[PDB]
Amino acid sequence: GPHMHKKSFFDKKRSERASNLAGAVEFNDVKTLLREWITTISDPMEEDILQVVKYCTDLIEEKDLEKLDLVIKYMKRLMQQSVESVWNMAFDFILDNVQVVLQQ
Amino acid sequence: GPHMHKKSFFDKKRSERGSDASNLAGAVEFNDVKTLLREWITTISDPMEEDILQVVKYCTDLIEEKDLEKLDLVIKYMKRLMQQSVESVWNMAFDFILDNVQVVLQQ
Amino acid sequence: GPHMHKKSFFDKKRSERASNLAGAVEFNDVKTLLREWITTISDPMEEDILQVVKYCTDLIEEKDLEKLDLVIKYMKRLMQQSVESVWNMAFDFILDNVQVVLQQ
Amino acid sequence: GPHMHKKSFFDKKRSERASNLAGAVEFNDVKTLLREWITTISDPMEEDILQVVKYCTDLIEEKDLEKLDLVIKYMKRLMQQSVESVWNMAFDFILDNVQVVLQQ
Ligand SMILES: [Mg+2]
Ligand SMILES: [Mg+2]
Ligand SMILES: [Mg+2]
Ligand SMILES: [Mg+2]
Ligand SMILES: [Mg+2]
Ligand code: NI
Ligand code: NI
Ligand code: NI
Ligand code: NI
Ligand code: NI
Ligand code: NI
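Residue numbers (the working numbering), protein chains in the order written: chain A, 181 to 284; chain B, 59 to 165; chain C, 181 to 284; chain D, 181 to 284.
Excised from the complex, chain A in its bound form:
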């Protein structure tokens, strides 16, 4: 019967190419991915949001809090700039779930 296709952006980008987001390790590569994600996709997928949360918590795990601050500040800018409420809510979720691991 009728169906919708939920395509993971980060799965595609990883398929096209140690804390990494869709394979990207360096901050300039990571911000290129996040820019393409936020500006190209209209509805962020749960999988992709959770893949970003894992990247951030992996940064916390390897104590690279410098990169984490850059990643969060960049996402804050782009996602809060968005006219779409889904991207505003996606940021709150990412932030709230990162804060929890930081506060441990």
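By construction, these hints were calculated from the structure, which means they are not laboratory data.
Just to be clear, a hint being listed does not mean it is correct.
[Unchecked claim] Under 10 Å between C-beta atoms, here's a sample of chain D residues computed to sit facing chain C:
#, residue
1, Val205
2, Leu213
3, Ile229
[What the hints assert, rightly or not] Now the in silico label distances, taken between C-beta atoms and shown as ranges:
#, chain 1, residue 1, chain 2, residue 2, range
4, D, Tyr254, A, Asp249, 40 to 50 Å
5, C, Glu206, D, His183, 21 to 31 Å
6, D, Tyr254, C, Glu246, 27 to 37 Å
7, B, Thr101, C, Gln284, 26 to 36 Å
8, B, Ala79, A, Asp249, 52 to 62 Å
9, B, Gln165, D, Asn268, 29 to 39 Å
10, D, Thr219, C, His183, 24 to 34 Å
11, A, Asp244, D, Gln279, 28 to 38 Å
12, A, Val263, B, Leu126, 34 to 44 Å
13, D, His183, B, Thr101, 20 to 30 Å
14, B, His61, A, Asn268, 16 to 26 Å
15, C, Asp238, B, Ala79, 23 to 33 Å
16, C, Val263, A, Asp209, 42 to 52 Å
17, C, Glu206, A, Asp244, 32 to 42 Å
[Claimed, not checked] The list that follows gives simulated cross-link-like pairs (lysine-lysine, DSSO-like), each with its CA atoms no further than 30 Å apart:
#, chain 1, residue 1, chain 2, residue 2
18, D, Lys186, B, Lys64
19, D, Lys192, B, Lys65
20, A, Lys253, B, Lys115
21, A, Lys186, C, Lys187
22, A, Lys186, D, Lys247
23, C, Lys234, B, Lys115
24, C, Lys187, C, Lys234
Ideal Cβ positions, reconstructed from N, Cα and C, are used throughout, including at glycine.
Model the placement of chains B, C and D with the ligands on the given structure of chain A, informed by the hints.
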């Protein structure tokens, strides 16, 4: 680990009433149907695939019982409310509902 | 492209008809639904498993721990009787998630 | 509230590493992945089943019908050998969806 909760609007509403024949979350009559519709587009910021597909089924069930008259109203109502949203997710949800309904109508 | 349909058993049963499972309030009605679910369906759906967990936590909420014990003991029997690992795992998940709410 | 985690096996294996299954191109690599998937996982995920269907259709796309026959014959053996009905049904779905693309 971290998680998101995808709650079905029409499942909730069917639990609150529920059922009375073609229905949307239990609602059979147009005036109770446009009401469940009314409440969905207006409250929910991100529509769920389940709810979108529950609407498509209702519409195709109308086509099935040849109630093309009620179907005209149901689509005409959603065409009104969904197209007039600022959120792209609701614009895309309408295209999907329409495109899938048109296919069955065009048969 | 190709796709799979996840069909909710409890949604169907509710459609065909204050703590309730697919509309059923009385224990004899609830055990009839659970019997039909476990003995009729080959692969339990996440939605249906979570709909059972909600019913069980709603019982805890209205302090009807008598009904809850009957519901769990009945599901233990039927789901552990199953040859299919999916039904065995579905029970563990329901039990583990009910214990959490009981322990609160 | 209560939740289930659907972890993609092939996403994990691709993350740990032109037609490929989770990065694996050569048949011995592909059969190693399929063996670990079928023998390690109790309930196959929709995403992973659809990732296998995409690999087979990608083989059809590059006209490598030799590799496709090896992949299907191997999956037939392992998935039909399984005690779990979910794996028997997963094979039928993969085969039926491959036949559709072959019939085009
Ligand atoms: Mg917040
Ligand atoms: Mg269209
Ligand atoms: Mg346990
Ligand atoms: Mg399953
Ligand atoms: Mg077949
Ligand atoms: Ni279908
Ligand atoms: Ni979790
Ligand atoms: Ni439902
Ligand atoms: Ni499709
Ligand atoms: Ni939760
Ligand atoms: Ni994935």
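The hints, checked one at a time:
no., hint, in the structure
1, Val205, "22 Å, violated"
2, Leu213, "20 Å, violated"
3, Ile229, "7 Å, holds"
4, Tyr254/D - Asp249/A: 40 to 50 Å, "48 Å, holds"
5, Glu206/C - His183/D: 21 to 31 Å, "29 Å, holds"
6, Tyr254/D - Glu246/C: 27 to 37 Å, "53 Å, violated"
7, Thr101/B - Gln284/C: 26 to 36 Å, "29 Å, holds"
8, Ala79/B - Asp249/A: 52 to 62 Å, "58 Å, holds"
9, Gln165/B - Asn268/D: 29 to 39 Å, "34 Å, holds"
10, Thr219/D - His183/C: 24 to 34 Å, "26 Å, holds"
11, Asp244/A - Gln279/D: 28 to 38 Å, "49 Å, violated"
12, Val263/A - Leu126/B: 34 to 44 Å, "37 Å, holds"
13, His183/D - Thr101/B: 20 to 30 Å, "23 Å, holds"
14, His61/B - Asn268/A: 16 to 26 Å, "19 Å, holds"
15, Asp238/C - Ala79/B: 23 to 33 Å, "29 Å, holds"
16, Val263/C - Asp209/A: 42 to 52 Å, "49 Å, holds"
17, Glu206/C - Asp244/A: 32 to 42 Å, "57 Å, violated"
18, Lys186/D - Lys64/B, "14 Å, holds"
19, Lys192/D - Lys65/B, "27 Å, holds"
20, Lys253/A - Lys115/B, "43 Å, violated"
21, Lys186/A - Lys187/C, "18 Å, holds"
22, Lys186/A - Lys247/D, "28 Å, holds"
23, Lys234/C - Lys115/B, "26 Å, holds"
24, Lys187/C - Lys234/C, "18 Å, holds"
Going down the numbered hints, you'll see the structure goes against 1, 2, 6, 11, 17 and 20, while the others check out.
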